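With one protein chain removed, the remaining protein chains of the complex are shown where they sit.
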Amino acid sequence: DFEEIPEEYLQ
Amino acid sequence: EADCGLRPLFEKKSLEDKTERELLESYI
Partner (left out) sequence: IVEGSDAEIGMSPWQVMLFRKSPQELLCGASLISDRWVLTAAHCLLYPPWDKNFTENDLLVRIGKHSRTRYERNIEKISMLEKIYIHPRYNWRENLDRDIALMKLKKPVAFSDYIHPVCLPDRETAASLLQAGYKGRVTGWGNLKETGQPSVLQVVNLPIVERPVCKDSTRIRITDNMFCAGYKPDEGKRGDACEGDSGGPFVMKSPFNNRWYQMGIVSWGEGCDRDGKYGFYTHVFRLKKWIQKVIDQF
């Protein structure tokens, strides 16, 4: 599905 | 913004996109 986004945006 | 609605890759370069003329032709 969707490519993982950078973890910084999920913190 | 004072610059709103003017696209960098189109209006700001005086380039038209492939279908915007269809919109203009409908404004009768």
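Note that the chains take the letters A and B in the order they are written out, and that residue 1 is the start of every chain.
The criterion applied here is as follows: contacts are C-beta pairs under 8 Å (C-beta built on N, C-alpha and C of every residue); 3 or more make two chains touch, one makes a residue touch a chain.
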For subunit A, which residues reach the chain that was dropped from this view? 1-6, 9-10
Sites on subunit B contacted by the missing partner chain, in the whole complex: 1, 3-11, 17-20, 22-24, 26-28
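Note that in this section only the chains that are shown with their structure count from here on.
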Could you put a whole-Å number on the gap between the CA centroids of subunit A and subunit B? 33
